[PDB]
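So, chain A:
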Amino acid sequence: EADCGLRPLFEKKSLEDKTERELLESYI
Partner candidate 1 sequence: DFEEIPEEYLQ
Partner candidate 2 sequence: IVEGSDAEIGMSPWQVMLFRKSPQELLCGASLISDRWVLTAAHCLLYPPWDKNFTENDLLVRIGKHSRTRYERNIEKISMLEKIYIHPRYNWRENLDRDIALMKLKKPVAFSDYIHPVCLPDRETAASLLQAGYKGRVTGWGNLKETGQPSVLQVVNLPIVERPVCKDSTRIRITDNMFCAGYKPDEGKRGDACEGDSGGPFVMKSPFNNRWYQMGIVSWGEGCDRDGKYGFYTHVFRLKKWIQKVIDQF
């Protein structure tokens, strides 16, 4: 639970996947 939602191959390495920015841009 403490580490939930943080992906080993993305958030944990500060790498972004190819479309997550589309989500962020919608959160206006």
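The candidates came about this way: all candidates are chains of the complex that A comes from, given by their letters.
One rule holds for everything that comes next: a contact is a pair of C-beta atoms (placed from the backbone, for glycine too) under 8 Å apart; a residue touches a chain by one contact, two chains touch by 3 or more; residues count from 1.
By the touch rule above, chain A in this complex touches candidate 2 out of 1 or 2. On the side of chain A, the complex with candidate 2 involves touching residues 1, 3-11, 17-20, 22-24, 26-28.
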